[PDB]
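Heads up, one of the protein chains got dropped from this complex, but the rest are sitting where they should.
Going in written order, the chains are labelled A and B, and every chain counts its residues from 1.
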Amino acid sequence: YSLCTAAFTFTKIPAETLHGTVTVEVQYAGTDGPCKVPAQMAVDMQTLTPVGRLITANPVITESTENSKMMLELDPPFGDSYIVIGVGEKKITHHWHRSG
Amino acid sequence: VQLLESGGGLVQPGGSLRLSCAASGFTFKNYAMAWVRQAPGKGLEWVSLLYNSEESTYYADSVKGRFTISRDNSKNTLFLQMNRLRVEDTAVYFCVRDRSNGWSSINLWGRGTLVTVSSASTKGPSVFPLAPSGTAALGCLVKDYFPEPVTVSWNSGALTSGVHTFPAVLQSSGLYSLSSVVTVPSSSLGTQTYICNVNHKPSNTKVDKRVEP
Partner (left out) sequence: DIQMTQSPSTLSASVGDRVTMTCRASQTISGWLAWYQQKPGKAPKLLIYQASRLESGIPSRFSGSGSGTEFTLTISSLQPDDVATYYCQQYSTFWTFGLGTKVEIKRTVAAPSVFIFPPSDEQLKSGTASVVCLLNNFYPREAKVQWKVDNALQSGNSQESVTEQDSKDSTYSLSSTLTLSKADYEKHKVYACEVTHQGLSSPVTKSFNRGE
């Protein structure tokens, strides 16, 4: 069902894994739970057309209360992209680089 | 950069109206769009919002199932399909662009299109002049009409400085009624003609009246 309208917060710096997949821990600051977490990679912050691919299968925030946790993993493209969590003006982004 | 609403007017209770908004000045496809209504004399109430997908569309509980929004990115146009309307849906409806991708500050607003969910019939107004006497003032009286609104202008827009158009009062009859007056140089009456351009779009009533002494 519906996406998460509130703001996220990285609770730890994203980290590269096995062959270049990045994992992300966030904390959600909204009371519209339950809701699907807006997670994706992107290269154009205007279009937010998904680059890469979200590896986490259907990430939904569980609780209906403020401050819940969540862990996501994505498959970023080669070179430079942006991790993009949340929607709107409260979007959070972190630059990513993947070599080979 | 502009939003233009259209499609509003008078609907019977239980009826259906389809509102639309025309975007210009920005990649319409990139931004979230929403409809925010305002009951007469009441506050702002967001009714619906959409960005991309089924998951990124939202409906206020007060219109859930009853209203529906739609996005035509090829035409840069937003739709609001409202059915099973109730009398309390009577409000002005603002088409609104979000700052970004949804649920942000609202930094682009339309002009408002007023939807009047009423069940009585429509009533054309009657226009009677207000003849004058350091300078004098004259006007037009728009009496007995339903529902709102009634745009009024003077000399087809060429007379704006010093015009006062009053709010509509609800007469005992159940029909609204307003006046519109303008102060002018009394020494310029014999030469300058003054005509008021009354417009009551719900009843397709475009009327003019000269206001000679």
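Simple rule for what comes next: a residue touches a chain if its C-beta (ideal position, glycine included) is under 8 Å from a C-beta of that chain, and two chains touch if they have at least 3 such contacts.
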**Asked** Which one touches the absent chain: B:181, B:196 or B:198?
**Response** B:181
**Asked** Of the residues listed, B:126, B:153 or B:199, which one is in contact with the missing chain?
**Response** B:126
**Asked** If you put the missing chain back, which residues of chain A would it touch?
**Response** 5-7, 29-32, 66, 88-90
**Prompt:** On chain B, what residues meet the omitted chain?
**Reply:** 43-46, 58, 94, 99, 103-107, 109-112, 126, 128-133, 136-137, 139, 141, 143, 164-169, 171-172, 177-179, 181, 183
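Everything that follows uses one rule, which is that only the chains that are shown with their structure count from here on.
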**Asked** How big is the gap, in whole Å, between where the Cα atoms of chain A centre and where those of chain B centre?
**Response** 42
**Prompt:** Considering the complex alone, what residue numbers of chain B touch chain A?
**Reply:** 27, 30, 32, 51, 55-58, 98-105
**Request:** Mind listing the chain A positions that touch chain B in their complex?
**Result:** 1-3, 5-6, 36, 46-48, 87-91
